[PDB]
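One chain follows as structure tokens, the form solved without its partner chain.
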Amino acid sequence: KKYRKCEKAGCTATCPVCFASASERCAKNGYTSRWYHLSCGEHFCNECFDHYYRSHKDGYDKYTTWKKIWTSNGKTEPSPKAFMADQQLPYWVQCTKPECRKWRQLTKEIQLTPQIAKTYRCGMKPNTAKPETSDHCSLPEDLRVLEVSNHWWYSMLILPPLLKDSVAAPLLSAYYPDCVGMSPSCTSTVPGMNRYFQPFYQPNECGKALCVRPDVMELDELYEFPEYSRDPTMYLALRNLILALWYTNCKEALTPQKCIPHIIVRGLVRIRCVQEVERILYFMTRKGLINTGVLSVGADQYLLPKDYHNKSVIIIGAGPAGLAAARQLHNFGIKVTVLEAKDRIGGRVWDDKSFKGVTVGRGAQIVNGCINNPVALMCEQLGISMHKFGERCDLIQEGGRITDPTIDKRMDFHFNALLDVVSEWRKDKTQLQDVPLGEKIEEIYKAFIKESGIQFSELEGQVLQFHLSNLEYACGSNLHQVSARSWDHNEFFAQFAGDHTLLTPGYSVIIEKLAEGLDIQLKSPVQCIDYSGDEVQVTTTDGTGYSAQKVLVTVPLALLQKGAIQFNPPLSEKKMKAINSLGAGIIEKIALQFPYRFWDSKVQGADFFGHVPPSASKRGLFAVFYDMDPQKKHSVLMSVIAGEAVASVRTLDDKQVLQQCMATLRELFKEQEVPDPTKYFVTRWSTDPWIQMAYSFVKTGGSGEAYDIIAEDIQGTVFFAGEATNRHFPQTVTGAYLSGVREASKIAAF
């Protein structure tokens, strides 16, 4: 007949009141025949089914329009409840006066906007003006506000919230808005964003590194937010909003105050959204998914809430991983000091700046696959432009002849065919049955020649050696030390999509910015790490002590292998096994300046040219030459020494290497004259005491798991980062960077 209590058992509202006033005969406080429940604080009367029935007035027309729009654009059931929550419920804003921040209800006729939300204060009516007395900020908040903070409140919310006008929507066209936390009432009848930022997978998309499914929660997120196990849509909307905001301005720290005006949804529920967005924000900051890169955070205010646990970290080694970890922890507000052995930062990033017109890396200078790459993000932050490698790369023979591209492509096809047979071969072989990749390739080759009856020319044979020498460059070893089973172990995980680029200005630009304003001690080689006390005791070569609650080790694989730091307690037999299972690959580089760009008429502006080895024994000797000025004005070539070639250049001094390179170029350019170079460097990484390598690879008998094992923290106090520590992205500045962010994440939690 008529009731004064809600329809739902155990509902906490003693006196339901109708939030709509659609009906001529709306039961304001009194008895409807049925009180429909939206949430604990939100109810409407059976008369305000002015909307539902065909016979009833300025309801049915509005409702039916919404209903058609709802049905086609989204996949949620249309109902009067859904209508009320999408179309009718009042909005709630917080006061923007910083000292106040109180939640207030708006009168039904108001549509919330980011303009309103940025500027609202306790008092003001349908017009923006600050009131006069600032006394409205003293009034207590409507009692329903406090309830929304309890977890039982979300239990009693009959429909999940759907966000309006999410900055994330342009990026999410392929999805049903409601599947992704946004309102099917899409009125939006993205440019400017960096082409390299593609945060979201398009539906049913295969592995592309660092993409998030916008419609599914990852297990990491579930552990932290167990309440979204059944219905993740509220969580997903907020994370997606966060990602979209961060990538639309990655130059500034993303804060809750920045996020809130972009959260538009009617009802008391907006209060749970604004509370959750802050919790999600801190989670994603700690994980390094947001508020990261070369982001400098100012004096007083840091990226995570003040904790008072007095936690401190010593970080060993100031390369990319050390610096990534150091920067993150610092930004968090954790005390960090960095001990570095060398008289400079950067480790395997080292950029020569003395060549007029260019920066040439002694170490890293390329970015393989920019899409979602943090290196791309940091470039955007620093406003620097990378150069994308063109496809053209002619293979010049000794004598001057240019190898027809059809040979090139064919021998590459054959080389790959060989590698495919290896991946079939390995299918069932255990670790203990592994075989050098070099051995296996030859075997398969020798068989392939024997079965087919194919005869290759001398030149084809030589080009096949060129392609083999690239694999060796990639590994940093002659293939005879590389595992057939797990050489490309990491290619099972999603890899970095998009452009391969020359980081023209240098990785040093990113490195120096990461370091800026941190406590870095140079000329401080660590000799001993003692973690048996309440504090970690870190002792330097010349005897200086440093102490901290936690320590992070980022020293190169070559140096864990040699055990140059003494750990007490020792590292576990398991860990040593892992460490010794990986190889410390090596390449060297040479740079040459010339008085003019002698190669221009022959090379015609391509980023690089290749050098066909005259035999198997000369395989990695200046295999490739690089034009270090994509603007084609300055005169600097760069070349690499890989594989067996490294070993042969070991008895030669810098001048003798230079003479060998010159002789090599003059063969490649026989038909013409090549000038003497005027400035050069030859790189000696393998003998650089505190580095002794270029990048890790997996040796015969080894497993991609060794990276995971090296990364495992010890008693939650000794942590490991570094290139040889990142199973997904093994060799790169990128993987190094990400490993340092990974360990900071671990540390910041406890």
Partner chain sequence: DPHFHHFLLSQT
Contents of the next structure:
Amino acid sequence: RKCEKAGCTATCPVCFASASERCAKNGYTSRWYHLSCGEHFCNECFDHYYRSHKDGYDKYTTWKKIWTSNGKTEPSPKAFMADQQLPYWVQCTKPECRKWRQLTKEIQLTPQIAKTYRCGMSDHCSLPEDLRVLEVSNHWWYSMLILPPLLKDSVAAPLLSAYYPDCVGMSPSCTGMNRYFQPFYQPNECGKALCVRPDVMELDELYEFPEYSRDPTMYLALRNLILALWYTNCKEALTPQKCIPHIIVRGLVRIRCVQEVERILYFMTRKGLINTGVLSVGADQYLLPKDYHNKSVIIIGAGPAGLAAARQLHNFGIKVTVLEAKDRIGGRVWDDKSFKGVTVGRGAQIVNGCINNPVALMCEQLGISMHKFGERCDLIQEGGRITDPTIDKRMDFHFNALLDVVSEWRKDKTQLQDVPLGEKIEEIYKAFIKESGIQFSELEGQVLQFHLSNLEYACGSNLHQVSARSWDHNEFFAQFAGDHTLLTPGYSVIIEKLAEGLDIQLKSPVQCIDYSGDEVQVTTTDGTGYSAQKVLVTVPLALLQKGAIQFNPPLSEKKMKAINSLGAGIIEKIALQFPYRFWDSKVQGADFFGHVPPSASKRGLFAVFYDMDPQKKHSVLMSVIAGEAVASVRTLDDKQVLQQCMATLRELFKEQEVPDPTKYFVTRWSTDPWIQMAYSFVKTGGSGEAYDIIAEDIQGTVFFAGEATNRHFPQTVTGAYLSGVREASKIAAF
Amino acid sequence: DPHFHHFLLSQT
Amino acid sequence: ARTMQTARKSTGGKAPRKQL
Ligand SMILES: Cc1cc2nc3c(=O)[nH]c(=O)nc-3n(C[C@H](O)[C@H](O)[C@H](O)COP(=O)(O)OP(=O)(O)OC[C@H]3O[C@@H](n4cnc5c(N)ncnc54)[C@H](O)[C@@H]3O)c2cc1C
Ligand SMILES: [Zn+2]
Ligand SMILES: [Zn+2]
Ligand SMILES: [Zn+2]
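Given the form solved without its partner chain, state the structure of the form deposited with its partner chain bound.
What follows is the entire complex, opening with the chain shown before.
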């Protein structure tokens, strides 16, 4: 009449299985077996499966063979009981009852049953709640559960077929998603951005839920399921009521699961893992409980970063106001929709690695399609000659060889010993010609300058200003896998959508941020005052270098050093519309073509041309000004820049006619006063650590976001976006 | 190993 | 940063690839 287990408050054990002809029911038995505080089975029923001469040995062995060919844990009899015989419990759906009930032995719980259940499926709802239900929410209850719960038919299961279900918190006795959603690592896999381990908790999870470091199974099953639900339907807010029905496990443990799913769900949304992207919501639809709502924030700048954080905080239930200096939202996302049936970005338009990219998520949510680039990119000389495939392969080989040795040279150098990448390449190159008396033609040298300029484009600067040590610092961290895409409708759709329904003040350049008093005083250049409890700055790096905002108290010297160790990198775009697709014969449907430079100084002058209609019907070309060439273009007017582009094209297509363009634009980001750059890079002397230091909040009061604050993913719209999500999460925590 | 960590769940 | 490259991605100078 007492439990085997030490310190069980089972003052009256009953047998849940009643499978043996001799069940003790609620009587005396040689030994009561304990599965939980409220769950026990009798020695006779124990024997009914455990011993070979009884009727339940057939069952026990079939299950046991499966649990081994599909599992990694011990197939103990207590495990068979918890997986196969323990009754289910389901909570009444009637708003005013909400009581938990035991279903009878033979009923198999399904989501449909959980969705709709009501007591008695007399006033059935008025019968008292089995007292064992309250018992489940005592901290010690879980400590006295023998085995950890394993979920049945988890939505996560199809995505986890490479793991043992029990290691990911699922039952071994079990068994059309967007190709870019790959939220779980596979076992023995290369690093990729925004992937979680399904079988290990990550640092913020261990921090938030310390109680699961002893045993992470319950958390992992619930976290994995939640993610898989989010990714199966990313167009709706994912809520506890949509989760509960998909939690299928026997016994009172299921009651502990649905109580935890809430806490986990709110953690996941705060951190921006689910219920994010372009999901709009409100008012009585806020994603985080009343508990986070009472607070206010001012966000400065309405580009991807500021809009990300604004969207998140607003969805959370928090009061947000955004102050934008310009007469438009978007920042360095600025789309031209005036070309015939083609959208051309003056700023951002490529998505670099789509797998697990939030931009690919948002394209889902919006039903937008992206054009994946082809690999081909011929290197056309002036005037006409496509570069020999062998010559192209030789110079590519050497160029990357030079990068290898730069990488070998840097391993023992400190910041105080940094040299510019440009210098360290030329040297190694000159050292190499000397060493081995090979001679390159004028052409092979020009092909080298193409690659060199292509690095200049990536960095947004001449190679003589960029750190050899730290130019590719971010590749320390896992990077976005998969396709590079043309975002054909433009990033402006995502922007417009994130901004929809938020409080945005345009033409309100901020000048003063005072964080001395009880709350933050923000003052525009015309003297308009705003105040809030928190402030988030997302202005571009170059504006922080020019000190365009007065900070009171001043930013630390440690911050200024980081701010100044990064470059405000720059590129300019030219776009040209033509009467017809003059390049088709020669280019043959390739997405872009290269322009081999005639000389080192001219290398950043339209190095690559992008065909802007992936449907290959309209005729729009885009090209880029990088490196030295940005300097040489600052005094020239738009028409003069055009002329050089046209002269370049007529050299590239020397043996044919090229039409006159019928419309164009030339970008002047460099002299946009609230922007003054294209993207950040590490100047010589710097470290990637500078991104983290800029990212550090001040006094849990002043926060920073933007591409120049994201160490993992600098430069990009994506990087900017994720920095806004990071800060919204930190702001909501407080 | 910091290389693998999910960006949003590594803000300790 | 190298990650900005689409057309004609540079390959050299990477760290030894990492697996779980
Ligand atoms: C030509 C070009 C090509 C690019 N190519 C790509 C690409 O292909 N793919 C890609 O991912 N990225 C690309 N980028 C970079 C990408 O656009 C940026 O990384 C991203 O926009 C930066 O985000 P942000 O939120 O941090 O800042 P921003 O976009 O720069 O916006 C900052 C906002 O702050 C505002 N602001 C500044 N000062 C104040 C102030 N005092 N008060 C109020 N508001 C202020 C600005 O007006 C702006 O609205 C490109 C950029 C350019 C310019
Ligand atoms: Zn007991
Ligand atoms: Zn029994
Ligand atoms: Zn009821």
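Numbering follows the first chain given and starts at 1. Only the largest set of C-alpha atoms that superpose within 1.5 Å between the two forms is called the rigid core.
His56 is the only residue from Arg34, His56, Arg684, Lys62 whose Cα shifts by 2 Å or more between the two forms, the rigid core being superposed. When the rigid core is held fixed, the Cα atom of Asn310 travels 2 angstroms or more between the two forms. The Cα position of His500 differs by less than 2 Å between the two forms after fitting on the rigid core. Residue displacement note: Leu139 has its CA displaced by at least 2 Å between the two forms (rigid core superposed).
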